[PDB]
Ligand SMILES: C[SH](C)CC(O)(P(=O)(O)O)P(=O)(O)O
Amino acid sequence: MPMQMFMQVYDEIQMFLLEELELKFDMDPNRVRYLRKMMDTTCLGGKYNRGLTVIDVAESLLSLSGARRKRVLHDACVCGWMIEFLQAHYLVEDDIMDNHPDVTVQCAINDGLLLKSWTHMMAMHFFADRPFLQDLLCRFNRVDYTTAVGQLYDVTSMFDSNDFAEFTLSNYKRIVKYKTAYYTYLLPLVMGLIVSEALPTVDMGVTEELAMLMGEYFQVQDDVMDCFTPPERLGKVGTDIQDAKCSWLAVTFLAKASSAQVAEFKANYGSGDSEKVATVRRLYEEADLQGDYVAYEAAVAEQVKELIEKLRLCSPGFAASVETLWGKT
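The form deposited without the named molecule, please: structure of the chain above, on its own.
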């Protein structure tokens, strides 16, 4: 039912957007079909955890506060696709960064703009008569801004914006929080509260704290898998070492490395050479980082498992969806 309903609303949203282009923006059929394929390629095929989380928050709140049921759930589905389209937008922007005018790059830039604009167009249409439309747009735009700021923190973590000084745990958490947690964990919860009209009924402090912690938990595991999970099992080629990323492994290693090891880490980090990357993996191994990884996640899990309880003391139904969200993590 959840996934089936999410996909039906995708067809409805897509058909509105494409007909709007045909009927109001003078678009020719060849380009409409081109954009339908681009939308399908970039928005479909993931796990939809961000979008389905909006649905789950919405259904948990209509069970603990007929016609309002159907409207809120449909609104939850449109909000889920807003976040999924926003995610598709970030992925396209990421692909440009590592990919006679080159029309494929021109079309990639254009795709990224269209995907973001479509979040606005689908909200303005489907929520035109909702009282929360203005607050919805503002919180959505603020989270999107936050994500772009987090991307700046991430991309410049090894230089001086006109260098391992910013390789600290607090900066690592700043990157995770702004670059990932806000739009991936906080935003689905907030939107589920907005369409459920129950926004001012929750402790947003605990809610923000949980979203940040859950993003941190997921990103630490992601960082360790990027380095140790082999590509055919990870689903991609891990490249954090080559890319000099401010990863959990890097910042944890630098806190417990010896002076000559840090020299060896610094001499080998951020290189595509197979032996230097292997040297970094070797250093991580010797420092027992995969052992510290288990303890770190355990401590985070304890903070999460205990923070949902504060939340449920005044917002019981909200906590069950946050628990399901955390369970997926």
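Think of the rigid core as the biggest set of C-alphas that the two forms share within 1.5 Å after superposition. Positions refer to the first chain, counted from 1. Compared with the form deposited with the named molecule bound:
With the two forms fitted on their core, the C-alpha shifts between these two forms stay under 2 Å for all of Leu115, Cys227, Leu210, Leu193 except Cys227. Once both forms are overlaid on the rigid core, the distance between the two CA positions of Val92 between these two forms is under 2 angstroms. Core-superposed comparison between these two forms: the C-alpha position of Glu59 differs by less than 2 Å.
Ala301 shows a C-alpha shift below 2 Å between these two forms [criterion: core-superposed Cα displacement of 2 Å].
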Given for the second form:
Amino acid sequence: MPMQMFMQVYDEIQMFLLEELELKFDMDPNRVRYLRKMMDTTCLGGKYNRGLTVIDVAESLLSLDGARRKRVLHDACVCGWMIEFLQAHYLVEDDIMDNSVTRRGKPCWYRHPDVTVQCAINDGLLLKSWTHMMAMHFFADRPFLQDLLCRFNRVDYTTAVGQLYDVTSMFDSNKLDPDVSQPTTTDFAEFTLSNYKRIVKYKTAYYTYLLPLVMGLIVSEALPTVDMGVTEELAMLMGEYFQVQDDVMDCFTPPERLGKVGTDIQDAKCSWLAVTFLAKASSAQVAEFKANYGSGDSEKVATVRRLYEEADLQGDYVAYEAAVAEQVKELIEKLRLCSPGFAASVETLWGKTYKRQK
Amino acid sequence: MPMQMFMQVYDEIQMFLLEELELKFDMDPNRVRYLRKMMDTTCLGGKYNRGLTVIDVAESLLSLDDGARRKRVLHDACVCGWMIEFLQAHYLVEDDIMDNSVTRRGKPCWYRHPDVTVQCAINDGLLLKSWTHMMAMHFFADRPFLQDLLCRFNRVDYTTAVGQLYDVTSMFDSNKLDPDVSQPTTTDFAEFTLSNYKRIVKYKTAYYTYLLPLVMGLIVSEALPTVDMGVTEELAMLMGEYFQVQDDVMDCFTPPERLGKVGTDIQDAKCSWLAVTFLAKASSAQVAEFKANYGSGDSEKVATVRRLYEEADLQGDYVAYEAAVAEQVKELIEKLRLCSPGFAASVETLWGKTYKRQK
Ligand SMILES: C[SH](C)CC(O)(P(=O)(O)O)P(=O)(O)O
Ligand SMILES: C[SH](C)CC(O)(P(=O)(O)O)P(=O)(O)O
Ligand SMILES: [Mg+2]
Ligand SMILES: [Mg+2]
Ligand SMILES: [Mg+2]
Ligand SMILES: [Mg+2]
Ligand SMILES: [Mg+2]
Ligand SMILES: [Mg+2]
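Okay, that was the form deposited without the named molecule. Show me the form deposited with the named molecule bound next.
All chains and molecules follow, beginning with the one already shown.
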């Protein structure tokens, strides 16, 4: 049921936006068509975990006429797509930035035959603008609008900050200077777990876990009923774990199943595997890593991958996952004491995360 | 004085943003330093026409106090000024990447900086736009005009992005625009018409360069309903088109030394005012030679497009266009002045920064 109403609102949203461009922006049929495909290709096809979470939270809180349920669930759907569109925006720009080839089992947007890189960048910008346009259209007379948009913007900002941390993680920060060029790090002195946790917290945790929960709370007019300090603890913990999984899958999950080809090794990214390996590797292991990491060369890439499974990074992963699962469990109970309905939706959200195969 | 106050608020805004990143985003000194440099390089060095206009319109509508109101209105105007300047900074960063430009404001484009990777530049541009929202909320959280102000700011942001779409896809046959099928630059240039050009410029420049500064100035001095918006929009659109025509003409004929930026319009096969105007009057021979030289990085093929423009006396067309614009602007400003003398005066001042700008 959730999926069907969620998609119904997507058509409703798509109709409003496209018709508006046609009627108020003097847009031609050819560009309206291009934008429709852009929207479907960049916004659909994922797991919709962020969007569907808003709906489930809203529903879980609508008890603490029958029309209020309808308006609340519809508002939740719109918020769901605001987050999905926000991600679509970041994925379009992210793929360009990470030089990726595929996404969701298809070419990345900037990789489509008739999509130029220059237009792709702007297309990404349109995706973000659409989040504001839809919000203003549906939540015009809604009293929670300023707070809703205020939080949404803050999370948008946090994500951009995280992206900054991500794209500059492989360059000696002490030498970061706009006026002087610098090659990738060779000593990898900054590939630490501390630096890794910061990257992930900001680039993924906030928009993937905190935002969905928060928007679900707002449309249900129930944000002040929950322990926010515990909610953020959970959001951050789950988000970190989510990204660690994303990193692991990038290196070990076959594209066929993953839906995308990994670029972390080639992009010399400060991934969970990299920092974990480096912290435990011998000087010999580190030397070999240094002579193979950050290269497009298939064999060099293959060597890094082997260096990883010989340092038993899977054993570390299983131990990490267990540690997180334990903390999550505890935090969810603390949350359950005064916010049982909400703690339950958080449980369901963790159900879509713990040991996902994506 | 206008500038002095404007720069004081810049420092205040910068301090707020950078310190927040340090205290709430766990940012290190190195990256704080990078962002400070990114902000300065990206938001400073221009003419500040858009930002200074917000301040000037605001001050003019004031007469509609014991110092408190004036102090607040002018400061709000400065914040809005920077919101527009940061919004442009955002677009300029991305636009330079999109247009493969080399210099800007006399310096390398942001993404051309020795230590700025293209991938980071794209995101730095995103940060610039986010800052407009952060500063807005920080300073206007309690203002009654917050929602209306942000609603309008976001609409103009959206219109600008739509303009960019029109601009970047203007050299490709739209009938064949299809994500799944590659397609080369137009060879017949059938879409390089004045009609299509007016649409490109209206959305990509007119709204955020002329309408937004005025509208924001009115909002902060709380006098938005005191002006004939139909006339104000007509004026903004006309002045905006003209401004972009100047930008296109300068791209081709103003030496980079004075311009501060190297032109890329011909090499990029852009639907510029010069191209559309040339094609509409050119003989069949001129059109052939145009098609054989336009959209190439070859220094002699671009020099031929320049000579073609001079041969077709595009300066004669420009002078006439300029006069036609000046004529309407004057008549529109008079229509404004009848009901809004203070506002009409500030619009005159803006026109003065536009008309025959040497830029
Ligand atoms: C928007 S960012 C979280 C997207 C990724 O998770 P990345 O951080 O690893 O680049 P991706 O594997 O989907 O490219
Ligand atoms: C943001 S756009 C109006 C910037 C330009 O005016 P463009 O439209 O000609 O690319 P530019 O000459 O300053 O690059
Ligand atoms: Mg990526
Ligand atoms: Mg990335
Ligand atoms: Mg990844
Ligand atoms: Mg440009
Ligand atoms: Mg451009
Ligand atoms: Mg130009």
